[PDB]
Amino acid sequence: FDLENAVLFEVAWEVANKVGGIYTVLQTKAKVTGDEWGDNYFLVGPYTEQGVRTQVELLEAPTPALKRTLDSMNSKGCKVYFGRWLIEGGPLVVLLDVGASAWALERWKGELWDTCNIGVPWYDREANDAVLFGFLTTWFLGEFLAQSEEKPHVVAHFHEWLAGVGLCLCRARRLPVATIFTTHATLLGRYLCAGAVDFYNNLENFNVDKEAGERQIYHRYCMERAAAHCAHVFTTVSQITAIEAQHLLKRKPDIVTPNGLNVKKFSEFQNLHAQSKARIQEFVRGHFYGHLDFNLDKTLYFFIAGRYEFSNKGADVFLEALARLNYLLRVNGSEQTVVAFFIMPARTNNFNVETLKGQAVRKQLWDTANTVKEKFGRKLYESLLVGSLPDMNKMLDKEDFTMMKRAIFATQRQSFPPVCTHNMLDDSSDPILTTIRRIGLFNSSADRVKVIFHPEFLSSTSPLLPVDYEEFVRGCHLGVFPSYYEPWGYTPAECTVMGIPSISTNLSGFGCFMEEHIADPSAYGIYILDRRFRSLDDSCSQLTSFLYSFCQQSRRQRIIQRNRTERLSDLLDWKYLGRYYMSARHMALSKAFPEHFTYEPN
Amino acid sequence: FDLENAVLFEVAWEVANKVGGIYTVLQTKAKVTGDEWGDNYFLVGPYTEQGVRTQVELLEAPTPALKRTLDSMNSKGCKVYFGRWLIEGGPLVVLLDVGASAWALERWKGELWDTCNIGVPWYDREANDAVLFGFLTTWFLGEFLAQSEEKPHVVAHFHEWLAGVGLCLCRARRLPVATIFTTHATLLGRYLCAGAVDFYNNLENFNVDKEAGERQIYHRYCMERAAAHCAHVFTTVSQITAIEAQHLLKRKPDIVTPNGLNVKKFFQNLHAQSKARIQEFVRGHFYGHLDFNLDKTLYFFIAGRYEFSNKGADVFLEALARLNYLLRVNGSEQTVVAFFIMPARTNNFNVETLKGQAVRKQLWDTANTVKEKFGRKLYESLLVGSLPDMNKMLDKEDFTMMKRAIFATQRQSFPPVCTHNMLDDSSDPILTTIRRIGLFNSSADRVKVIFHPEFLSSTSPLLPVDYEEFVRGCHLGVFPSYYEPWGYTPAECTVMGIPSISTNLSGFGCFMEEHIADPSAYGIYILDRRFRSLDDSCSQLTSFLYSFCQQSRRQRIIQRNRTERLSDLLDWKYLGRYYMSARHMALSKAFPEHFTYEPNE
Amino acid sequence: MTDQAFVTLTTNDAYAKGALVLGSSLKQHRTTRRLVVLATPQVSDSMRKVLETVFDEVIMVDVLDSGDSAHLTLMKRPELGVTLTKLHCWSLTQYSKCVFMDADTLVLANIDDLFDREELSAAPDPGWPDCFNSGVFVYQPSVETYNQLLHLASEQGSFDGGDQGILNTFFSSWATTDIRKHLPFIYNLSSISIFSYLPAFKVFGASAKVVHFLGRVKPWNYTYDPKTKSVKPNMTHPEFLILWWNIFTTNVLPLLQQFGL
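Residue numbers (the UniProt record's numbering), protein chains in the order written: chain L, 22 to 288, 292 to 626; chain R, 22 to 287, 293 to 627; chain Z, 1 to 232, 238 to 266.
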């Protein structure tokens, strides 16, 4: 509860260099942890030149004790820096360089072998970097404690596998400080999923050592497992990750600490929805030019986003389910048409000729309509000025009839709009395209489900859909994320904070979290697919049922659903989720050296 | 819901003639009621030559029944005209003429005495004309029913005391009509609020018959009470009006039908543009006393008719003085500019105000000319490849223009409180209070009051800004009214993004309290004048104003956006439901057997 | 999925070994559908018993029997015995939809996807790519369709002189009507197409789902050495044939010795 001397050290590889989602977590955790630990909040992270200049303002030590520590570290051939990260909460950051590897080979690495009976191969860059980072962090905190008046309470919070070398050493060197190790993902889990046929059900069966060795990832696994065993308190991002940790690391998580996002989505919630849908609607009109028999107010947009993974984000399940939805919409006649946007980022050369031309024709038609509109404007104004209702036939001059005739000639096409927006450098290989062809969704006139795959992260610079990810997300009606393995659903979480209803799965961490925290997922607009306890085909059928239910929702009902989701943002806010880590931190102090601070669980 | 053979007749005095706010209600109610009643929607109303000339198209009767009805009335010494009102939704309007039937006024008055025992005095025009209108509307309905052989069921929604004569007569003639009456504001209420010291609490204490007699408005009262008693369904604009109605008209409103506004008033870009225009006005008005930071500056405004008591502008003015003291005593960068845009007897723009805006023009022009010249010189220098010599870029020619500009700015006198020189300055309540309160726009003062005596318009030379655009710029709107039956002004503000302080005595305020549990979050602060004393209410306003001031930029943005979401509550789409209930209840109350005429609630 | 089946035709013991391999390959790739051979009287009793270990139904069809529906047609067209036997696939009205596969095909991956396609969805033929290789075709059993096919058999027979000819004449709509009715050639990869245009098999061979051994030397006929899984032709990739011989040796010779031979 109360920290007399406690100092919080959130040690992570992604403090200063954006490499993965962990970086967003820290950048977002920093504000709330800032309040609880005050100026005792120190971030231990790798130095990146580009990172430091853009994000960090260099500073001097607040504490004379710290000054001594910084000086000592600087002295013995290490180039540690201290500064204030300019992110919210202004945390003090100690960014040590991993470029100062003066003695790392056969001295630091040598030591690690004697201490933890672990070795890192020369070729692996990430582990080699992490050993340097780990040793430096252990040295820093050990030196700090020694040079300063002894604070019985410090907390070092290690937030990833590669920061875990430090935790192994810290506990081994018998430094008197409680350390929390948090696995935002299981290392072996990522490889085992997709790599193996049935990762989830055979969790217990798998001989972790054998699998890890087989993938030449054994050193990394050993480090992750060592860190887990070493930590007094072990935390995991989600309950699903906890199940993985129990079997793969052979250690139950002591506490499960969910990831959170700050609400910066307010800058509305419905106005932005409308504006975004309009922009999306413009792209659709352009892309489908000439084959615009679909009612464009009745059309619903569904999207799947994130990094590029076919198995992990279960794009296959979404595509199979879309084919089944197409069948249902065809057999039972619906004015509504579904447009599915797959925004997974594959290799692209340029916008496809057809796609670019489509957008250009939309531009031409809009420009023409403007020219004719202005001329009608003048003629109407002139006609009104004389006191006569416009004689409609005479309003349009022969000059425009030619311009408009040319415009309607441009629209004419007999070829279905392309299934991708970008010309793919590698087309035939593309899993999404192969599946679209197999599934039979070729954007045919007859089809009620139209699939548009945008393989580039949506950008302001891009000519088509020149909206950034957040704005596009706001425009879409629904977001479908049938994730198989990906631990915490950062993308689904963002969607829900925005108020887009989002399909999640039991296998996704965000999905499991929502099930635990919400008695009915469906009512609040977050659908849960039970992919853990269902077969693949039955899961697809379940998704089809969800998608179809959404399609057959009344306009008013959908509005209600959206508004309900906007309430679920608080579940993912750091304010509420701050409780879980604070609990972990307090528990850490108690696990070792309990005499100074002992606090009993709520 | 069986309205197939129901005909809606919304009798009103403002059907074509824009006498008052009721006119906006009808013009806005017409679209939604249009869908519900189809072509059976008729807006019986008074005939004005100007009205038919500009806003009413003349057309032939759609259904033969009326052709006979209009013809019979037209042939009997009376003038009735049928046409489409050209407002949105194209509601068919039967305009009775209250001048053409003057011949029979003495006959009509005689009948009224036997029927309803409500004499109308010879002097009063507004009622004598209303009696003509009422008798003619009763006649129209009676004729319609008679000439239409397959007899429909008609629902006549009278919308004021002026149409009240009709309801009294219709009920007495026992015509098969479901009659709804609506009091958009209690007649006695307007006189009592100004006249009496404590109108609101003594509502129970007041004897209406006594009070009305004293004000020589008794006949007008008697008609309004008679209509309420007679009406099958009696409705009121707001819950506050309902409280007045219970104790004054003496018949509790069956339903409260709020006067919603069509949301064709409809964003952040517009807000920014408007704020910039407002900032430019401020820059101009202060004329070299611009010692404040304009980015931090907040604009508060009060609009409506120039009623000191009714719009409770005294509360706002006192509360601004308290805000000034609080802001000055505490650390304040933020400065409040309060714009009282209330109509008065303006002569012309005051010398200083006009001159002040001209110096903004001069400085803008001088800055633009120097800016353009620097731009060209910079572009030329960059093209050569030489980095610009800053000292060389501005010529001696520029330093003369700028020197003249700086020489213009210098002023000694504090910027004026009122933009227009008043015909009568001493009497003006606003100015007297500003002087008393001590807000002279002195350099030290953190609250600067700019009273614009003319309704802001595009035509105005100083500021060609329409009320709408000015509203969209200001940060907050303060309407601490005492007697607003339905603050039209606060409602407009809320439909626009603008957070608006309203009173528990205003219709809009009471309505918002009833419809939203936590009013403050959504940007509508409800100052409670109903149970609080005047001074305590002022202190409460000061607290509200101060709270708004002590709000960080991002938090304020949230407040305004939450306000935009409250637009839907005011819009006729949603708000049409309350009147639709009133019609259905009227249809249920009378001729209960026929069709599906039964009430859900 | 009792409602849907892969069908295949064995006209002798030779094409029984083919069917045994096809059937096994469908099992290996874990079809949820029934496996339903059609056997002429010519298949020995001992071989039918082997067929029973692989196929859910071994259905006897004898066009020489005067009770057979096609017998009258055979008397008109005595050269079309095999074809008229194959066309009995349409008589299997116990099934709502089937995939017919010639006994000289081999499955390389799960193709329950074929059941998505509707009547006469077949891979474009190498050579005339306006005719549908009748090696793999999705069809819907019907007495009417069957009778119409026999009528066509009597009246005009087959231009090819085989089943491909008569099916092409009747289902001429395939070439132009619908692109959903064009199965990817991967679902019926006639080896001759790999051999004739090898550059393409190189890039789109990896994705092969069904190989069809259309050649002078049938897969059973080829000589096989178990020592290195070796074979002594249009079979440019000998890999597909190696996968035939292995499947045979692993999962048939056992079921073969068990019932004779």
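These are computed hints drawn from the structure, not numbers from a lab. Cβ coordinates follow ideal geometry from the N, Cα and C atoms, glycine included. There may be inaccurate statements among the hints.
Below 25 Å or equal to it, Euclidean Cα-Cα: the simulated DSS-like pairs (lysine-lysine) are [said to hold, decoys possible]:
hint	chain 1	residue 1	chain 2	residue 2
1	R	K599	L	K286
2	R	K381	R	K403
3	R	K231	L	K322
4	R	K322	L	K285
5	R	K130	R	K231
6	L	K301	R	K285
7	R	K429	L	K286
8	L	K397	R	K285
9	L	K322	R	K130
10	R	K418	L	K301
11	R	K301	R	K418
12	R	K285	R	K322
13	R	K615	L	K397
If you want the ones that stay clear, here's a sample from chain R, every Cβ over 10 Å from chain L, calculated [claimed, not checked]:
hint	residue
14	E25
15	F293
16	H297
17	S412
18	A434
19	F466
Against the structure, the hints:
With a C-alpha separation of about 29 Å, the suggested pairing of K599 (chain R) with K286 (chain L) is violated against the 25 Å cut-off. Only pairs whose Cα atoms come within 25 Å are accepted, and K381 (chain R) paired with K403 (chain R) is rejected, the gap being roughly 32 Å. Between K231 (chain R) and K322 (chain L) the alpha-carbon distance is near 62 Å, which puts this suggested pair outside the 25 Å criterion. About 22 Å separates the Cα atoms of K322 (chain R) and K285 (chain L), which keeps this hinted pair within 25 Å; it holds.
Our distance criterion of 25 Å between C-alpha atoms is met by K130 (chain R) and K231 (chain R), whose separation comes to about 24 Å. Our distance criterion of 25 Å between C-alpha atoms is met by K301 (chain L) and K285 (chain R), whose separation comes to about 21 Å. In summary, the hint linking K429 (chain R) to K286 (chain L) is not supported, as the alpha carbons are separated by about 48 Å, beyond the 25 Å threshold. Of the pairs offered as hints, the one joining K397 (chain L) and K285 (chain R) holds, with about 22 Å between alpha carbons and a cut-off of 25 Å not exceeded.
A hinted pair counts as satisfied when its Cα atoms are at most 25 Å apart, and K322 (chain L) with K130 (chain R) does not qualify at roughly 59 Å. Of the supplied pair hints, the one linking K418 (chain R) and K301 (chain L) is violated, its CA atoms being roughly 52 Å apart against a limit of 25 Å. A distance of roughly 36 Å separates the Cα atoms of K301 (chain R) and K418 (chain R); the hinted pair therefore is violated under the 25 Å criterion. Of the supplied pair hints, the one linking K285 (chain R) and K322 (chain R) is violated, its CA atoms being roughly 31 Å apart against a limit of 25 Å.
Taking the CA atoms of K615 (chain R) and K397 (chain L), the gap is near 53 Å; set against the 25 Å cutoff, the hint is violated. Even its closest Cβ contact with chain L, about 25 Å, leaves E25 (chain R) beyond 10 Å, as expected for a residue assigned away from the interface. Distance check for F293 (chain R) against chain L: the nearest CB is about 7 Å away, which does not clear 10 Å, and the non-interface claim fails. Interface exclusion of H297 (chain R) from chain L stands, the closest Cβ pair being 12 Å apart, more than 10 Å.
Chain L leaves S412 (chain R) outside its interface by the beta-carbon criterion, the shortest separation being 30 Å against a cut-off of 10 Å. Even its closest Cβ contact with chain L, about 40 Å, leaves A434 (chain R) beyond 10 Å, as expected for a residue assigned away from the interface. Against chain L, the non-interface label of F466 (chain R) holds: every CB pair exceeds 10 Å, the least being about 39 Å.
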